[PDB]
Amino acid sequence: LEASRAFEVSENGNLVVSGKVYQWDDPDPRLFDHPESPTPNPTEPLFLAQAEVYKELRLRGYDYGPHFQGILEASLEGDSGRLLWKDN
Amino acid sequence: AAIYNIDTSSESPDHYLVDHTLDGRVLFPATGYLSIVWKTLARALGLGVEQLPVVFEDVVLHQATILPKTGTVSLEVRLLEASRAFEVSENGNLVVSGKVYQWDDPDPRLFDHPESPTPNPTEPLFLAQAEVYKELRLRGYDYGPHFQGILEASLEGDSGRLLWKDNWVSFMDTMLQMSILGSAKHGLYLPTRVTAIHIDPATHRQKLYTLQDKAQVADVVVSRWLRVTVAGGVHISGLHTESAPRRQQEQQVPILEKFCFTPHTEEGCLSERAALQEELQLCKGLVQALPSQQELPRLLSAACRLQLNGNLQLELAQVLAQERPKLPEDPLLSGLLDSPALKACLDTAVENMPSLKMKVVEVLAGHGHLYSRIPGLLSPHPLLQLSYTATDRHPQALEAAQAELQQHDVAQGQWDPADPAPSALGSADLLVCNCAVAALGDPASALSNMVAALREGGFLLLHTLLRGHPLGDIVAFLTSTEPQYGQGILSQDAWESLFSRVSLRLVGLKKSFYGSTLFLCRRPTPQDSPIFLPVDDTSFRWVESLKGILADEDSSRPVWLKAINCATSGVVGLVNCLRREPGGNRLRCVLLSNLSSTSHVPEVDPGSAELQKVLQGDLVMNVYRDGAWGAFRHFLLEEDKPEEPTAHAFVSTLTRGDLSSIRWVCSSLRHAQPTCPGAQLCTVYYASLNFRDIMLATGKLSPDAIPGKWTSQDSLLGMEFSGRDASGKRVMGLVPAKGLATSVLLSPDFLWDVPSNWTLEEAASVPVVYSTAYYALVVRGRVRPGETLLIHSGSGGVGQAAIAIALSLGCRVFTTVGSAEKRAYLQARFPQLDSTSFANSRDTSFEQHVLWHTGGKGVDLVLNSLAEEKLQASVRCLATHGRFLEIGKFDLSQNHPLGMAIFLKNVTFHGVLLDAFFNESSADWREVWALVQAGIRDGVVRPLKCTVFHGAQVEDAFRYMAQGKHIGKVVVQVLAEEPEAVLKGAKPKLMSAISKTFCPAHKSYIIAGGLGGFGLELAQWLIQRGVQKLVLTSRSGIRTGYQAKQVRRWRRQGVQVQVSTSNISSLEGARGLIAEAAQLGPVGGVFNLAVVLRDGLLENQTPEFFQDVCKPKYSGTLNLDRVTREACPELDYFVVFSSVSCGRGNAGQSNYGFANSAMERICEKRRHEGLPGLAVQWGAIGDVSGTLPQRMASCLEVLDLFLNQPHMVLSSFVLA
Amino acid sequence: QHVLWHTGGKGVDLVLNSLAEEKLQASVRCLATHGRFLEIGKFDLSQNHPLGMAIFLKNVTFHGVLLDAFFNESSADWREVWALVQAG
Ligand SMILES: NC(=O)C1=CN([C@@H]2O[C@H](COP(=O)(O)OP(=O)(O)OC[C@H]3O[C@@H](n4cnc5c(N)ncnc54)[C@H](OP(=O)(O)O)[C@@H]3O)[C@@H](O)[C@H]2O)C=CC1
Ligand SMILES: NC(=O)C1=CN([C@@H]2O[C@H](COP(=O)(O)OP(=O)(O)OC[C@H]3O[C@@H](n4cnc5c(N)ncnc54)[C@H](OP(=O)(O)O)[C@@H]3O)[C@@H](O)[C@H]2O)C=CC1
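The listed protein sequences correspond, in order, to chains G, F and C.
For the first sequence, my numbering assigns the number 1 to the initial residue and increments by one for each residue that follows.
For the second sequence, my numbering assigns the number 1 to the initial residue and increments by one for each residue that follows.
For the third sequence, my numbering assigns the number 1 to the initial residue and increments by one for each residue that follows.
Since the hints were made in silico from the structure, they are not lab data.
For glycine and all other residues, C-beta sits at the position ideal for the given N, C-alpha and C.
Be a bit skeptical, because a hint or two may be false.
To be verified - Calculated cross-link-like contacts (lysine-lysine; reagent style BS3-like; alpha-carbon spacing at most 30 Å):
1. F:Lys857 with G:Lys20
2. F:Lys905 with F:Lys870
3. C:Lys58 with F:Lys185
4. C:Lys42 with F:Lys889
What the hints assert, rightly or not - For each label pair, taking beta carbons as the anchor points, the in silico distance ranges come out as:
5. G:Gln23 with F:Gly899: 23 to 31 Å
6. C:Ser46 with F:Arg1025: 55 to 63 Å
7. C:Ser46 with G:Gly19: 13 to 21 Å
8. C:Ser46 with G:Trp85: 33 to 41 Å
9. C:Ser46 with F:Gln1024: 49 to 57 Å
10. G:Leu76 with F:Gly855: 20 to 28 Å
What the hints assert, rightly or not - Pulled a few chain F residues facing chain C out of the computed Cβ check, cut under 8 Å:
11. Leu136
12. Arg224
13. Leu226
14. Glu886
15. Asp891
16. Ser893
17. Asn895
18. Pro897
19. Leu898
20. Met900
21. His910
22. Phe918
23. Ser921
Taking the hints into account, I'd like the entire structure generated from these sequences.
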């Protein structure tokens, strides 16, 4: 609905997703500056490798395959990390 | 995406939309969107519209499409069946949105008519179709025949009968009309939201039932308690209407004039204008012993500079700006041309013309320049078609300014005054010379040639200076090089001799105080035996004689109507009306209407000299009044709005939405009639502007939004004020509206006594802001010590008040400001605030700041005044057990959605509106008053920063407020504070404000023939101006649904409306009527609107018709005047309504004109005695002779002006 | 309709709503000026169903009541309810 800047995804006439979508007229890159975490975590000598994060997720019930295994590493408290980009 | 094209061509089936006209402009019906959406849904489902019982829901209209007179508009409809939502967009712009889906199982029980609150009185009266749509048109709806679907409606408007024409759009629009009919809110209202609409074509066809006539109708019921409208198979629930701007452009501009007697010959016309006298003084000073920008002073200075004396002819002949034809620009030469004397002469010229078409030719127009004046003065005459031609000496002269002649219906010409006129011009009726500036060849030759080229009975107008006068001598000394100019100046006796030599006779002579004159002469028509017919006889038996005499069409003898016994005879209107009927050219009038008892009455015997003089003049209208022969002439009315000194005035916007129209107006408080226990009058010193006032003045908020009962023509500016009560004690108060005025009527509950350590300026800023802050925080918010608050726009008054209240409790405060200036000001104002207590108010950045600095737990209490996306950000800052205070009003008005998932955090959402206290919950409000008093006592309440503007510059204050750069409070000073604490002389000083008509509540008013259409509209207007005791007279009493509806509604408002039905024709009836009015209270004013029409040519009318026509208008007015002159000492208004026919003339309404003229004469007589009196002449009344009907709104607006004018007779009409 | 009729088309000062979906909207429409809405149900709140803010134009308060917020630990506010019930 261009006039209402609203979208609606359907499956066999059944609503699946809804909301509002529109073009961003004036993108300000400053919106993507990383907020400062409350905890400085100075030393940071340990972190979750790629294997461990997905082991925890599997234990929690998430069975992501190789393509969705994008988290390269993360901090112990999940406040940061390093995601992988594959043009997807 | 179905696309629909809406056409208005007669061929297209959509042509019927032309009849849905609102405020003079065609708009797409709100139900047309529903119809097209229903068609789209039926197409999508594959069913027909007649087999798809549909349900709408949450319909919202965002804008109104305007159907152009030419072309087409395309509308796109899109459906989301999964979401059961639709959308109507025009040219990519959203128009309508909502939910539409099929009705799975229609329930016919839904359409059963709701229980009627009324006990079914079975009243015999009901609002018929004509009356219903008359009311709607008076309100502002102009539905045409197609959208006129209502046949009947109950007086309450809760039930009625609707037509059916196989047109859903019209039927549903008719239901909406029925919904609006019963509303007591005046103005134009349009749908904005509808909660739900159910349509079931099967039940619809079941419900329809045919009357005895083949027309199909369906009963309708409106229930405001349940807020549902039901009719046939349709069921509308939760309809919401918003007040329209109710503004139209290119509105009617009636021609307002005064109808006053004007002697034929008058002298010293320009004795008033000081500029002319000063210019004459300067000229004579220059020309002593043989300094400005005016032409003549500059020429005199140049003559002096070139040579002190004996200036050579050549040197002064060729001087820059001298040979230019700018010379007539001097005020003295144009002194009379601008004066009404020219208008009087022109009006006399057009009158006496055998036909309404006049032939006028100007001589020496190149230099006279009368072509720029004459066409503009005869425009007011509606039916006058004028043939004008400008003639000059040489084509090169006047060769410039050809576009000016092009715009006017004028043509060039070549005719030297001595040379005989060309055959093309031939005989002419009016001939104008302007000899003062233009140099005619020779007097004798020029006048002889004019008269030769002048039609029989035509008029000659000659504007010339007079020799032997100072200005004449001055002009004689100068321009001696132009002998043609020298020959054109003579003494008055010389002009008389020249006129005598030719057949022309002098009929009019307007003379200035400094010599300049304006001659008017006509060529006598070949004389013939006249007929003198007295018309002063009662019973109008002379009407039979007049009928007989005019019968002989072959005869062309003049007929003179003579009336001398009665000074109130309306022979003038009779003649004006008869001159249009066949054979009326022969008519001529002589009237003896001396306005003073001691005035001498000249003899009108055939042997009398005066009769012979008037016969020589041969003028149709010949009125004698106090030793001066003349006639009544219309003159344009001055445009300035009258002003008077007063001690009770208020500020208002004369034109809605314009800040340049702000001006002081007289206030109804002058009478102090609503004074009583529980209320008192307080003189106002300082008044505080608020955001609401700016919104109102700018036109972005309708007055109807302001809660409460308010008159349509009223001001709602100002809520705060500071001044002295009736006891002289300094005090500050809070008022729902009208607080921006010299005086305010207020209840003692809403008053605080300012502490001794304050100043009335400071106290003017406390009431509103601190009241709302205390209410929202303490009462609604239940703030507690030590909590966390978020106060938006802390710089604003409410923000400062809330911050002051919060810091008193030690609560941690976060606030948002729109600049560094405001941030620094707040930091200086409240030392407690620290660096981390400020955020940006112009974007959502404050959300992150609050969450970060609060540990991500949000705040405990939010006082929001922002809108839309910034409102949503504010909600997200709430903590568990939070409290949201919403003082803003944008999203609430727009009904924007609010996600209910916030309440899972156990928060409460408050909608705070302080204005609710002034209407109800008065007992509760005293809690807030106690809170404010305690805050003042404890020092918590601090007056805000003030920016004082004087009363004379309210507009400047409003403009400054409009800009968002103001910080603190903006107060407009109205009266400088005295250095005393308590002062008995608290009365406000006088102010010059626009005068307005208001009436006291302890007087009764009479409207003879008041049950008529204009009668009832005037009565409605008076009630809005403070009339509590009203009497209406009707010969047959109440006999229509509309009359009963209006009368019942007025009584329901506490007014004492009493129908008398006592004819004013008989003096006994008038006495009884007046005595009846005295029962309610002393008589304040009487209005005579009675009328009975028996039209037809004079050949058809009979004396009985004149008797009937003049019985209510003439005789009734006489009886009213005689009685009120005897037993009405407090009478303020003695108004009688007349018609343009008496003054312009209409064929077949001779009796009507006679009656109106008699009314005008009696009204004029009353004023000369000092008593009240006014006669208004109306062109044509629309809502209830070459003119157009005048809208009732404009009619009443004009009437408001006349009542405050010092003239006896006034007129208003709209040209075609 | 029943409430709006027997209340003279005014409404009800207080509403204790435990219904859901459509019936919640109708209960909202029964409010009067200065009315107070007490929502003790949770289905509509959990689904984040929209609420028209036009109702607040009438002086009105909307309360999200959750008794479960106290059972975690005793609080000075809970003792108020305990005393109220004991007095009852
Ligand atoms: N509940 C009720 O019935 C009552 C409500 N009110 C209403 O609350 C509102 C706030 O009152 P008050 O603060 O005294 O009003 P003001 O007009 O003084 O508001 C000033 C603030 O509004 C914002 N603002 C002002 N002008 C502009 C502009 N041109 N563009 C953008 N923002 C602007 C700024 O906030 P910022 O600095 O953050 O940019 C500014 O500091 C008013 O509409 C008032 O009538 C008040 C009393 C009673
Ligand atoms: N276009 C217009 O409407 C214009 C109106 N006017 C004047 O304005 C006034 C109002 O006209 P309007 O209301 O539109 O027309 P109406 O036809 O409604 O006016 C007549 C009304 O006055 C009553 N009436 C008539 N004669 C008498 C009487 N002798 N004593 C008491 N009541 C009487 C009639 O009741 P009943 O029939 O029982 O006597 C009726 O209610 C009239 O004087 C009219 O001449 C002039 C210019 C334009």
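Against the structure, the hints:
no. : hint                               : verdict
1   : F:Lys857 with G:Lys20              : holds, 28 Å
2   : F:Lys905 with F:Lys870             : holds, 20 Å
3   : C:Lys58 with F:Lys185              : holds, 18 Å
4   : C:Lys42 with F:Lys889              : holds, 28 Å
5   : G:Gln23 with F:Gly899: 23 to 31 Å  : holds, 24 Å
6   : C:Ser46 with F:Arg1025: 55 to 63 Å : holds, 58 Å
7   : C:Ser46 with G:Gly19: 13 to 21 Å   : holds, 18 Å
8   : C:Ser46 with G:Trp85: 33 to 41 Å   : holds, 36 Å
9   : C:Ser46 with F:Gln1024: 49 to 57 Å : holds, 54 Å
10  : G:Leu76 with F:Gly855: 20 to 28 Å  : holds, 21 Å
11  : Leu136                             : violated, 24 Å
12  : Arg224                             : holds, 6 Å
13  : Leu226                             : holds, 5 Å
14  : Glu886                             : holds, 6 Å
15  : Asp891                             : holds, 5 Å
16  : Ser893                             : holds, 7 Å
17  : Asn895                             : holds, 4 Å
18  : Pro897                             : holds, 4 Å
19  : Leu898                             : holds, 4 Å
20  : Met900                             : holds, 5 Å
21  : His910                             : holds, 5 Å
22  : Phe918                             : violated, 12 Å
23  : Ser921                             : holds, 6 Å
The structure is inconsistent with the numbered hints 11 and 22, although it conforms to all the rest.
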